[PDB]
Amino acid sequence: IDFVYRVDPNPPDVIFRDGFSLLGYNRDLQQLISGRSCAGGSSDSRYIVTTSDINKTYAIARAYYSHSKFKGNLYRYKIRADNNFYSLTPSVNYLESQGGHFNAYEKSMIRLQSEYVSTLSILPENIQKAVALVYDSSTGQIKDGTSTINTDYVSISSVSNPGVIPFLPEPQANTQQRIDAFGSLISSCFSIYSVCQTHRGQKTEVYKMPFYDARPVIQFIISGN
């Protein structure tokens, strides 16, 4: 894809200068997909997860807005993907070929998310515009509002890296670990605290999203009942 999208509550006037920063140094792909390295876990992932499907961002905004005690405003930033953006499917195939297992729970999870992972921090010149999502509480609608445009867009018009994430840690066997999800089967690494939400030392006081285990939910949708 050419453009990814990320929902962040910080206003564009602070994101266009600070951008998105890496949480920690957990480069494991197995932890990132299930969210053990993201805000639902150690909170030290080396990848910033952004979706290319516009409906997924609406899903994140809806999940955070229709929650009754999340006090904040959400902004959908569109980001120009470059050679540091990787689709999780090419790397899942490679990791599964080197002596690892990705169950159908983690295979049906990327299919629902259209995740693209950035190995390094999203530089402020990679974000083109920020649309202020407006939540009409009386109607209960999430609609696009003032769509500000960043002036630092380089406009190289590049594309994502269609290869595999380099230097992937060796997969761990017999993980038997949970997959953190929120909202309408929105994976972890998509929540607000799934990135470095500490600018100038202070932290934005918003809700800690409760994540549920996606494996029973994926089994529920697969089995139909």
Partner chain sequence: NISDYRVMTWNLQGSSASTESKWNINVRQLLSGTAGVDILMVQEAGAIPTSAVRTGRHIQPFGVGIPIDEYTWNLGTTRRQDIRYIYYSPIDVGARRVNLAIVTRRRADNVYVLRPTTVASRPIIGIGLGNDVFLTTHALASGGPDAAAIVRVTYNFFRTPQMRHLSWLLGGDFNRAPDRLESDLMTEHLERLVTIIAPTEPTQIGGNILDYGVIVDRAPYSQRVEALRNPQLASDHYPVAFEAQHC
Given for the second form:
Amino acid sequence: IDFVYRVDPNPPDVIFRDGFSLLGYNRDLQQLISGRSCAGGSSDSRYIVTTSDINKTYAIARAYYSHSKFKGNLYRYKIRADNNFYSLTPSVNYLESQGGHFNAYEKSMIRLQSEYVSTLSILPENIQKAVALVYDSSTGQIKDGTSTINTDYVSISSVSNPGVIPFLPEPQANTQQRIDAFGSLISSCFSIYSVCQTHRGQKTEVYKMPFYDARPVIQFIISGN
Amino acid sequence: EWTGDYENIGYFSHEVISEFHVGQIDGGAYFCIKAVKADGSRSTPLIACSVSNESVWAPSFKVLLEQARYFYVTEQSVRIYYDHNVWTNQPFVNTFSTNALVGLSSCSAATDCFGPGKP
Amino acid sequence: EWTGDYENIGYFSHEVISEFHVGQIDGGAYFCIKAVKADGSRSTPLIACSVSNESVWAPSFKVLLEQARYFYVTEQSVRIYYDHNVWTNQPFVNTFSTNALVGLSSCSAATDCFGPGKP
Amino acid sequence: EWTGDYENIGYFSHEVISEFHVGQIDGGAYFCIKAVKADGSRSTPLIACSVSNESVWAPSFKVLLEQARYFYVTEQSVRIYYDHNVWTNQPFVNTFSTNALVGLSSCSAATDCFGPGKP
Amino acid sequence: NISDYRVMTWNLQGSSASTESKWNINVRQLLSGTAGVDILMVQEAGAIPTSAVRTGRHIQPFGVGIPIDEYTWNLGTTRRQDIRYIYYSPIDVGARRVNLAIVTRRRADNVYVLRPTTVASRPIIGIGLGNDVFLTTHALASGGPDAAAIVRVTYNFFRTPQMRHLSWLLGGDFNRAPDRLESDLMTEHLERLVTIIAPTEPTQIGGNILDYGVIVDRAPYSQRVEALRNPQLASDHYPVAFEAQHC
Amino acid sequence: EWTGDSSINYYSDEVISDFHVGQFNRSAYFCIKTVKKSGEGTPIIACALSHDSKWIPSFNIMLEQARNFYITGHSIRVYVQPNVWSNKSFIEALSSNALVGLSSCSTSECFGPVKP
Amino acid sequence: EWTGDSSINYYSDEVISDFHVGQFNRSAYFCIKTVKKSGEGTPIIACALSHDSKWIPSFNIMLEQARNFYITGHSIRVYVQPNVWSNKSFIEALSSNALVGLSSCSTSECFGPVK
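I have the form solved without the partner chain already, so could you send the form solved in complex with the partner chain?
Complete assembly follows, chain above in first position.
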């Protein structure tokens, strides 16, 4: 899906010059879906997770604007999905064919998050638009603000690559490990510190999002209640 | 009668359940949802409640709870069918709305939503 | 009876359910929740219990059980309605409290919570 | 009867539910849990059973069964209350325990454990 | 961009006719595993691992007309698919001493061949994946007077307007300590344009601090990538890696 | 008089795409709209009323299983008995079929009763 | 009756791969097809009915636990009593076994009435 979205607290002036960068070198697709390699554990994921649904951006913004400890201005960035963007289900199917087990607790967020992961750092030329998200504290509503347009964006025609992520590490045993999540069952890889926030040596000092285990929350909707 | 009357039951599409409340009123078990437009547009809530032991919309209380509890923890696009002027308790009318939660439909983004709709 | 009869039912806003307890007393199931301020300030931890075979708030017991559980695992900020001086058992009133869970509301607004409120 | 009678209900703190079993005995659904200290401080694994039909602790079956099934997926540290010498069936005792699950409390910080304790 | 790939130099430093064994053992230990090197910058290689397959696809090439092969060396067995791509230039198949090569994990979208403004010199290869260009080089062991020259030519070749957005890093043996290189870059007023990344410990048994990298500054997150020495394999030698600083 | 009867039809390799709950005359209907996994054919809509139809005892279990297969996105096989609900406004609105069985399905072969 | 009488036989180190839900006759039934995690084994099919069998009280708990042990791919030990269902069309289609117990299997010992 072309034009995927990412929520970033940095101003457009920073992300239109640097862009989104990889947080490490972990290419495992079993630690990125459960978020143990993104922000809640040994954060070294070799991915930049971006949502394809416009509604997930508002869910992320509402999860950061409702803790009273976060001070900043969030921006939704629209990113043209080139051949380096992969959906998470085609690769999960391949990892299952190779002999790996993704339990329902993870298949039930591969659907919820609508992830389209980028295996390489997002170029500033892929980001087309940045929409400020303003939080009316009295009303408790997040609404779109000034939609700045990048003058660096290169308008080529491309779509997200349909297929398996290359060089995917071999699966592990069925660990049944922690699935880190925040807000309204938003993956921990969508958090602020799931990408390199050290822009030009300077570190963005914002709230560290507290994560909760999602297995109880999914067992709470998948089993009635 | 029926959730999709379209004559008595109104329906707001592409909503997200942002606030959830549970409690008891008059020996029952009521739960209320605050529905706001996904892209911050209408700027006014859609407070809709459902009391377990009162009204003609009572036999579908539990079935409407388990699904609301699903549209709140995930905050997916939802089409809410409500019945207006169902609650008579004036304080309940004041803090909440008169609306009664009647139906919960799943919206597959886009501009279409599964369920009864006006032609 | 109602959860928002303020003059009688109190409530603590912007709380988080940090500890959960489940058990049985006098032939009736019960659960207790411990809440501390989400803002990080200091306040004596609120303890709210709900017996299923006692008091006038039993019809909502299960409704308040599946919700208090969800607000526990998620750690979401929650307004917690309660009625003071409901439980009489001295061994019970000492380890837990005399408060009774009568309502749970989501306070994901950082200013106020959806539901009844004293004016 | 209460899960803090202390004069009977004994608790093991900072447990974690490692094994879960379900079945039927004598026309009644039963579930049993095996708890091992999260700090591998050894201790004969604690096995606590619960039968829906038999025993005094019947009304808190589905409330405990759905809390031993939620503290198991989370692998969260947990205090487990049991009533020693409850089950009489020799084949049932010889495989699981004489223990009867009566209370499931959440524990946190390696200190404290919401619930009835004994000083 | 340039910080997404795990790059390492791995000069051979010939050990009395151990080229095939050192190639096979060392580079297949290095490339394999979860922490395997994505782009490996082997310089002065010469010979071939004797397991590289033939029948590479045709190359134009672009800019300079010396053919570059694309040996598809499969590290894994028949069941596995761990094939690499060694782009190698048969500049001297009778000497096997200065001949450069680059072994990567995926097929290079582009390849390059650039030489300094001096005619007599022989080009520093370099491949490119998408917008990230990894250039392989070789200097002269008599002090390396052409290091500043090769940085200069790389800059004036990648400053072309249609190639301005491309990020580049340069690695190999420079045969000159980094401090002198940055000193005579500051003399030539090229201070803030290229960064020099080197480990803080000597890279040779003789105490030399060679075998570092020079990276274009305008590349996004260029300060993220830092050159550090690998842990002690104790194989009488070691290569440098350009890792990414933890955020 | 069974999920695997000859009157009951079934569709295979299907995923529950849309969900709906509600009330129809003293009952708690729930409807599911499922489509082929990759994609083909018209979407198939199946409902189940709480207090109407022979399929009354299996309302709660089918509701729970449909929600489980909807949250997970599992490729499943849906059993439907055509022409069960008779109101004609339910029929224009959602469907006339009745959900009678849900089975988790796999790559090529999968579980559940199958017609000869 | 009990899950560990003797007439009830168990299969250990099995994972629930396929789940089926339906209605047999005035009663809701659910079936599970469990295969060995290590492989090389005949899948075992176990079914339970709400209103038929001596195993009526344990229908809901077994349904919930079979859903839970199917969501997670945890190795389980399935207890079945053969020849509980009599409708030959039902046995031909799914099985003749009766789900009467589910247990969690840690490497080596499983939790349950071993015999």
